[PDB]
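One chain is shown next in structure tokens, namely the form deposited without the ligand.
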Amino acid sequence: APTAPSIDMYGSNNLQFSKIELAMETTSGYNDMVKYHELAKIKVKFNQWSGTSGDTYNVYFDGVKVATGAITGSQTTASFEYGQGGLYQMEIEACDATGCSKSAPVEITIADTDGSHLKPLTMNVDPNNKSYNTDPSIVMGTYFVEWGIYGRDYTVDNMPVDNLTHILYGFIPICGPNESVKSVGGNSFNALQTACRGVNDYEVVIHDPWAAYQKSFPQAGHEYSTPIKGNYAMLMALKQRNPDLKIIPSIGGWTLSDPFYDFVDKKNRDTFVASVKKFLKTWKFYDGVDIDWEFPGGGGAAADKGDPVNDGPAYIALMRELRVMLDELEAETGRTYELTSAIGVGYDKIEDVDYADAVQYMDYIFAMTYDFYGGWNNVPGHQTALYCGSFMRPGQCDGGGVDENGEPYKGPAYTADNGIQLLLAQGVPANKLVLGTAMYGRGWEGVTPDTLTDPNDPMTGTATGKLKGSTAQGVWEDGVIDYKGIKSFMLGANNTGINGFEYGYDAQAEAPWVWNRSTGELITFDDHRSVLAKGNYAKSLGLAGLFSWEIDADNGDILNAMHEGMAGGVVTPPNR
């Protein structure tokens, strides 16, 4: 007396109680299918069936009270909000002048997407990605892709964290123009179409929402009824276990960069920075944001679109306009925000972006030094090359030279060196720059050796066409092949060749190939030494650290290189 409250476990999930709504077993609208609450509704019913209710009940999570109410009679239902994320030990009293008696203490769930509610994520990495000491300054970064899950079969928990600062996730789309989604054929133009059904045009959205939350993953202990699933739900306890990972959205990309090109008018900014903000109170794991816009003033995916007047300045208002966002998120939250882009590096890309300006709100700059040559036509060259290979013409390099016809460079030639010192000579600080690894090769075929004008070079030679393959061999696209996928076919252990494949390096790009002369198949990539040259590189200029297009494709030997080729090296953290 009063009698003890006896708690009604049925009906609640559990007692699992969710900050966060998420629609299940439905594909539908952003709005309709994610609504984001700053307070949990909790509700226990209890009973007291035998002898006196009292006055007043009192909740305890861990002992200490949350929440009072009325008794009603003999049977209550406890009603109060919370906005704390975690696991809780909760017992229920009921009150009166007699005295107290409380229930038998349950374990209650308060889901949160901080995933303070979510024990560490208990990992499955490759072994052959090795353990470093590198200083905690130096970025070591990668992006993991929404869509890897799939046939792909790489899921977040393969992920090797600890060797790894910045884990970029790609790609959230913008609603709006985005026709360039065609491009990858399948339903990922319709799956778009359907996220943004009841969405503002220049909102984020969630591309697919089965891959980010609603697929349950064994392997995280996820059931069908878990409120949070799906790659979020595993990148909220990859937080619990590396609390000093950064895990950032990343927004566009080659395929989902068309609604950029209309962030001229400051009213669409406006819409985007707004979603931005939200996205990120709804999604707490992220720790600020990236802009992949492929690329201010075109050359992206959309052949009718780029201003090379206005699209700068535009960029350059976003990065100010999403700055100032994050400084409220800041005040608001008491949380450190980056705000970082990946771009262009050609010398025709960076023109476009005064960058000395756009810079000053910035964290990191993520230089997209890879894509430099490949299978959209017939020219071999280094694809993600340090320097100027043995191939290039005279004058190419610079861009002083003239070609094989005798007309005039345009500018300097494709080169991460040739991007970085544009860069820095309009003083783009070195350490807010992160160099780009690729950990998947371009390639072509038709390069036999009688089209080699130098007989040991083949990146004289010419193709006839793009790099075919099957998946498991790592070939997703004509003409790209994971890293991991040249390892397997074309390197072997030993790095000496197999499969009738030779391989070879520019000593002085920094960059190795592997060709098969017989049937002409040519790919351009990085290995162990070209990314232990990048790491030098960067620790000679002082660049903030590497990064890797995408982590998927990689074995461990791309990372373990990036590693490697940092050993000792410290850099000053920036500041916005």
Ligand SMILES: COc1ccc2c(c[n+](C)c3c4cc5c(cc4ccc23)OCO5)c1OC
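The term rigid core refers to the most C-alpha atoms you can superpose between the two forms while keeping them within 1.5 Å. Positions refer to the first chain, counted from 1. What changes on going to the form deposited with the ligand bound:
- With the core held fixed, the Cα of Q16 is displaced between the two forms by less than 2 Å.
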Given for the second form:
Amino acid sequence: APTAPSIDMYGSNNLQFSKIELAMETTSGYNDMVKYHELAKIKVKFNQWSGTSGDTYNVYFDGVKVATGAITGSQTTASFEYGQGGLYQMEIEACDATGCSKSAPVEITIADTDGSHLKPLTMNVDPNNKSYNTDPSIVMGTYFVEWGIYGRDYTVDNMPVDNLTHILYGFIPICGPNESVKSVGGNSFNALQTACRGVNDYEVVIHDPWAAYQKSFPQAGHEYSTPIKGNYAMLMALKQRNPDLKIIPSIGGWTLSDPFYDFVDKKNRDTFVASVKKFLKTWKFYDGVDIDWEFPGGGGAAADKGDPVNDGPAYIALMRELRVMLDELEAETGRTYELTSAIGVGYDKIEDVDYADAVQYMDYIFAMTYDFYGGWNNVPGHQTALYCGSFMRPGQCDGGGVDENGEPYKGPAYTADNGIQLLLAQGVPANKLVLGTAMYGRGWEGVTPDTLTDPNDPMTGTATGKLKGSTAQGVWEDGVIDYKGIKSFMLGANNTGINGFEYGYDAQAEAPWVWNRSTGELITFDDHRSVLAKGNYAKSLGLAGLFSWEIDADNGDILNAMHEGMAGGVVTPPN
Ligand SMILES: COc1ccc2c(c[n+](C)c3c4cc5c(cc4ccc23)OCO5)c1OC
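In place of the form deposited without the ligand, the structure of the form deposited with the ligand bound is requested.
In what comes next, the whole complex appears, and the chain from above leads the way.
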């Protein structure tokens, strides 16, 4: 028999092969950093110094023959291609007419972006996240933000994944006009310039490749030489742990929506839809696409953009075209892909899209039932209420009234029910709507008791400016505080108020607040009671479920209340 092959581990690159080439100690254009191959190129060097070498080799993975080739004297390189990622026990055999001889087995890894080579992620979840047996039809969604791994120190293994059906990964940018990104300051706009070098306008890219796939997380077992790292390798291992979890990239958002306004031109839609197909073929752990255009018709971050006439039909065409592309991917892969969108729910946002036409292409609409009031001006109100608060004026809720100056309201007030009823009345199916919950507050200072027109209600006061605070308090920008900051600095464990704050609840609106009458600090947020109200409301109307922005800001209380308020319910999943 031939001499048994002896595998050269070092010069077969210790048997780590990857279908994706990712650039590692550099930051460059997306097309220079990311290259995906349908088949991994496997090159394994072996030698046979004593004896006869034979004529032909065979390579086996877990005892099944996967490749064959010619022996070349004393040193051969087995070269072949392989599609399926995984961990395999490889042996190499040399054969001639006298017989065959095989190497010792050795583990080969073929990395792919579905995480087929990875073990289930080890989790490190705050134990205040409790266990529920919510029916699997109900959507329990949240957004995980790519930048949460920095100051916020919240990583994929912190997510309470057994309590989630859908994770929206925020946010994938679109190359092109992106002036709005400069409003976040820092290196965000420059990082996008770098990512888009050599990329066509209106194609998707990864905004921060360090966070997405370069950074080594010791809790995930990453080493500096591991071929896929970052949040994306953790999401691939999370999918190995929880295979029914849907992980969806969210394209756009408040700061990254400026390129959508050029989708009035079909050529730019076609460039975008092709780039998304290519993205989902590259990053196989993703299960569809979420489009967060804020907003058709304008009123987002770009004051100079928005076309009430033309953006709606462009959004509908985009959805049509994306569902054609996703059906191509379902035919190619045999998988199911979801198409979703987060939308504004103010009447002036909903009137700009004919949702009765768009929703036929969509699996779910994530209704952004939050940010109704905030520190952008000095008018207090409930940022995430279901219904109209006691602070509002006669006829403000339905929009038939006049304001304090006698001027007509232009539409119904910003509440979750006004927006959900406007979507339902035009024929959007309840079972496609997912109601949003806020894991943060918005706030003001300067709301002192003398400014209140009703002394029992701080929402009738007037502010002097935004809430101010530090990042240890969960204030990452003025006017916005993490829920877990409100719990540590304003509520306390018994929910009865600390540090000079008092708790109140508008039982008509279904909306909580904390108020420090000394400083005039007032914060509008969601809490256990108001999230139980939203789940009861979702069960009453047959909505798909609930989602939240953003998971790093919860301490478990808000996701627990999302499950508690949906207990017992089931829903028909959209077809
Ligand atoms: C990226 O995170 C976010 C998420 C939502 C917002 C935001 C910034 N601004 C100014 C607003 C905002 C600003 C408004 C407004 C309404 C608004 C509603 C939502 C956001 O009325 C007029 O001024 C933001 O930060 C850049």
